[PDB]
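A single chain, nothing else alongside it, follows as structure tokens in the form deposited in one PDB entry.
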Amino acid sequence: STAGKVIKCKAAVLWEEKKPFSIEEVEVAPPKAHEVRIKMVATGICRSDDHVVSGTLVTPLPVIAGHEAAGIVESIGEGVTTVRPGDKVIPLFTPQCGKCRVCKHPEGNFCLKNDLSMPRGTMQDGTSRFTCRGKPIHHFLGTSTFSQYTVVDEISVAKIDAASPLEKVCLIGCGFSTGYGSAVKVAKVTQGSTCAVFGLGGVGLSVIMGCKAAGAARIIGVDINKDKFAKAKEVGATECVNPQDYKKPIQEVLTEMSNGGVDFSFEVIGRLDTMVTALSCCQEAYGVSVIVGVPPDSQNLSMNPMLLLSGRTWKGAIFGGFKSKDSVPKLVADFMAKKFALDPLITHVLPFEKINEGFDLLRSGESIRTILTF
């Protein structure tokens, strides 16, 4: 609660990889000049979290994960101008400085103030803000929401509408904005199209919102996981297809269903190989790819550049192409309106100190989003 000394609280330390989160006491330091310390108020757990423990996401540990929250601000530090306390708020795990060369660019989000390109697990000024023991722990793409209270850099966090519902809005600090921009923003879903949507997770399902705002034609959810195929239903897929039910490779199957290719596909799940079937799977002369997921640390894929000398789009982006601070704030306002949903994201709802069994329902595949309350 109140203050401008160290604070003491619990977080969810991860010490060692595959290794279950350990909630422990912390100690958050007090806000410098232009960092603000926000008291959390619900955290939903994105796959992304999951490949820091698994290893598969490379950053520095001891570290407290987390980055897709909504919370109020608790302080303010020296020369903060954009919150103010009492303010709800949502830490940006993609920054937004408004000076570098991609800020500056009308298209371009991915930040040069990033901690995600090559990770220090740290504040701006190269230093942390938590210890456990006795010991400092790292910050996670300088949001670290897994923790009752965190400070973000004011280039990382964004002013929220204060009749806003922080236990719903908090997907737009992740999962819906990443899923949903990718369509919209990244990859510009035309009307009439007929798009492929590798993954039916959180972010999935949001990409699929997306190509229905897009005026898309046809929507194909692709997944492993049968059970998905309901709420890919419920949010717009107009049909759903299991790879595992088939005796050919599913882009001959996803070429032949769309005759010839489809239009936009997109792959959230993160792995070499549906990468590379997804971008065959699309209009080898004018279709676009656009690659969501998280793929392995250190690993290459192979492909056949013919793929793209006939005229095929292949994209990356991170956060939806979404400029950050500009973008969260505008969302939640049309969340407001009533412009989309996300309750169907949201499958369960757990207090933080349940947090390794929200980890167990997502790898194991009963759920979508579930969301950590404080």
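Residue numbers count along the first chain shown, from 1. Basically, rigid core = biggest C-alpha set you can superpose within 1.5 Å across the two forms. First, how it differs from the form deposited in another entry.
For the listed set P85, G77, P296, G98, the sole C-alpha moving 2 Å or more between the two forms on a rigid core superposition is that of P296.
Could you switch over to the form deposited in another entry, since the one displayed so far is the form deposited in one PDB entry?
The following holds one chain only.
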């Protein structure tokens, strides 16, 4: 029906930095070899999408952003074996080629085919599948989910359970997996341990979820906005701390609370000060601190290497350390097995055409997560 031909549909185009998204009629070309064309069903609004708007995540413009989504396969290009028309799917902003030294490494997941390190804003073949009135439009992280239809490389898509609620599991595309994996995969939280989570937005709640899944005995949420405490406790926080409530530095408060430091700490916020606070507040001999995000325009931080010499470990990761094509279907199956809940993370749902209102919600701090529906 549409296979093999151009699809005319709507997409949200960002023509220039620091502008609202423009809803436009675009033409989406059919998939070439080893490409997959997908009809979007739902897409989440992530901070990283806002970083494109601000000019802080530098990627070629004009662009179709969006990287956290789920949809249904409309058609497949020549030689595609891992998905078929009609399959439910989640685009992978961190690809899993299976061939490169990172994909072949037991602990690596940042596949060398990614479009994040040096963004080209294209398909793997160096071209674009999008045009708006004959003007080419860039891809974003090989996903481009702010469109009714997108085309992705086979290495950037994963087949998921056909019974999945796509309006919920789209979170596995970025925010949930990123926080959850940071606990379960990167830190490797252990049973009965004490965890501290700095930032109680959607990613921080996902870290709490992971700490709970791993059986942490204490999970201390830290945030200056006390209206985030209720949800943090719902999803597994055992106590919450507001640093503004105190006369002493937060790392001291946490060190005293945990009888000499936490087992695992997580910095979600992206703030250089809490990155060092989170490191300092873990036990000096065996503590592990994980950086879950860094704003793309971050300056250097200043820290004393003596924090590490005692035996601390400091690490970061993309996409929760998950090998993406392997892990996403497993995470969906975990959701389908009722291992964890996704509803507490969803605070707003809007039709796709209201994408700008959704970004206002993001920017004001009012939403944990907004899902856009097609």
